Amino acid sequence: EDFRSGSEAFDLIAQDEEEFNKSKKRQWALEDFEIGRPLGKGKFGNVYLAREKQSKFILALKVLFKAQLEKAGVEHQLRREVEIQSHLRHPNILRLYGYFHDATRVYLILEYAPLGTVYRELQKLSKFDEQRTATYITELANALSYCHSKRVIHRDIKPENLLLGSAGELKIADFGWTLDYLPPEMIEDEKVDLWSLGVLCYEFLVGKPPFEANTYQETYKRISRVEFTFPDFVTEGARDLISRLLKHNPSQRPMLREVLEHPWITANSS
């Protein structure tokens, strides 16, 4: 066996330290962008409507400030979400086109959603009819089955994290989200999204979530007891789907596929 001594050697490690490339995502800076009016303000920074100077492509630029990211200590959480959302392409999932950073700032290059959140739509329309609701639920189930196929579970689905494209299509935005040898005790979930889907369908039809109370403790009480009532104008299929989705035992909750097969969904989806 042959061994290298000192220099010729110390150069080996520093050569392979650079053949450790990992620069394989399009490179970006702030100068590639025109900045427009603010789309929103957040806990860690601000979102601006922006344009790539070259292509004129309209988009959203989320600036997060590394100062208040180091405070709450969510850096690696953010790396997780970013690596997730970068490798994820679907018409009902808001695209992460890219990301970059300087010091004190990390920028997220995101798809622009011109029709805002489903939360604002709910605030302005008070309630949705069954066509709009079933179409939202269909797009949601599509994005969620695509997500579950990529082994990623999004379990913070809610009208504030649902944006709308130009055609009014729903788009999931937030992503805050060994085996063959593991024993039973260490491996005993996705159905959580089915529950959230039931809650969302109810809120779309009625105007508020089925367990809303003026105190959080009362809502604990209602959720644990599955205590809620349907107003008159909620139809039977709608009632049927929402009741199937809001089962206390997660393994009694249908499969997203069954949701997409549900007769109410098929009849009302646009």
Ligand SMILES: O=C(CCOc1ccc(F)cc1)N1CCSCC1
Given for the second form:
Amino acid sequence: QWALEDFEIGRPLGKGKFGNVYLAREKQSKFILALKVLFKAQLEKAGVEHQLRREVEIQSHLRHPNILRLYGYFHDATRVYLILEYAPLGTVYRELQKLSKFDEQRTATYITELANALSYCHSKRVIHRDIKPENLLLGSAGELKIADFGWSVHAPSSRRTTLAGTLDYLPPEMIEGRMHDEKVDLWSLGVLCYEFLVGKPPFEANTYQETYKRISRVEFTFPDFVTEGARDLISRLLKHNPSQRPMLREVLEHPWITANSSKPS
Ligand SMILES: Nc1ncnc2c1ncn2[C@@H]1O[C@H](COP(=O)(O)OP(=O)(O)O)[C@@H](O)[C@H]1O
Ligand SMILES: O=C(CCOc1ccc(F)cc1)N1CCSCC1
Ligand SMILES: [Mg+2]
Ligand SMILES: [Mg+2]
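Output the structure of the form solved in complex with the ligand; the preceding block shows the form deposited without the ligand.
Zooming out: every chain and molecule, the one shown earlier first.
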């Protein structure tokens, strides 16, 4: 159906391991969107054809205001092209680098929007497994949208692919290569809540090897400015034992969240 001929390309929106994402406009409708380009040679070298297929399948079928739309795809013998909803206000990552830390109202509102989108995903037994600030995008009203479903699956599961980059958002079961389920996304939600309030993730270290140690032992401490409510929520999410982590309803209903968030469930 669609091909490159149908689009005018504009400025680079961002880079990923395989993906280079561009602003684009469809010629006959003037529709503005984002075009994620992947090189077939690199996809093959790394052998991640199955991840791409999962990304397209899972994401095109989901419909939620806090999840980024995927409309379609095409290819041309060197490249694959994913047609995405354009997010005009950029990444949460960029916003965090701009402001250094978020206040309690900003943080709690972002956490509600995430918890809503994840609740919807988990109701289809879909788990994301790569929740982090560079994969969270911002819509025209500043609302958070989850993106990049390249690592997502159906539960239960093991990991059949090599972990490439940062260990910082992964739970112990996942880095130790054990079987995992839905609870992995709740751990990452706790990591994120800490990084939003503090300015850096709670297990950050200088080497892979020591980050791995700090995660498996759950070694983290709070700066003085983190309030008692925030500590309570974060301490509940960052539990070594997956089954002791709360349900998403408990996160949405937590007193600190209800007091500080400016959006509902
Ligand atoms: N729909 C979009 N709107 C605006 N910017 C985007 C969009 N999708 C991706 N980006 C930018 O491009 C980057 C990489 O996209 P992503 O889909 O996460 O690629 P990868 O799978 O390689 O990580 C993002 O971190 C973001 O900066
Ligand atoms: O040449 C192909 C098949 C056609 O492109 C598709 C793209 C996405 C998809 F979900 C299904 C098909 N590939 C390139 C190497 S990775 C697998 C896909
Ligand atoms: Mg990404
Ligand atoms: Mg990806």
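Definition used throughout: the rigid core is the maximal C-alpha set that superposes within 1.5 Å between two forms. Positions refer to the first chain, counted from 1.
Trainee: Aligning on the rigid core, do we see the C-alpha of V226 shift 2 angstroms or more between these two forms?
Mentor: Yes; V226 is a residue whose C-alpha shifts (by 2 Å or more) between these two forms when the cores are overlaid.
Trainee: What's the distance in angstrom the Cα of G45 travels between these two forms, core superposed?
Mentor: For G45, the C-alpha ends up 4.1 Å from its position in the other form.
Trainee: Once both forms are fitted on the core, what is the Cα shift for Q252 between these two forms in Å?
Mentor: For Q252, the C-alpha ends up 1.5 Å from its position in the other form.
Trainee: Please report, in Å, how much the Cα atom of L110 moves between these two forms when the rigid core is superposed.
Mentor: Comparing the two forms, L110 shifts 0.4 Å at C-alpha.
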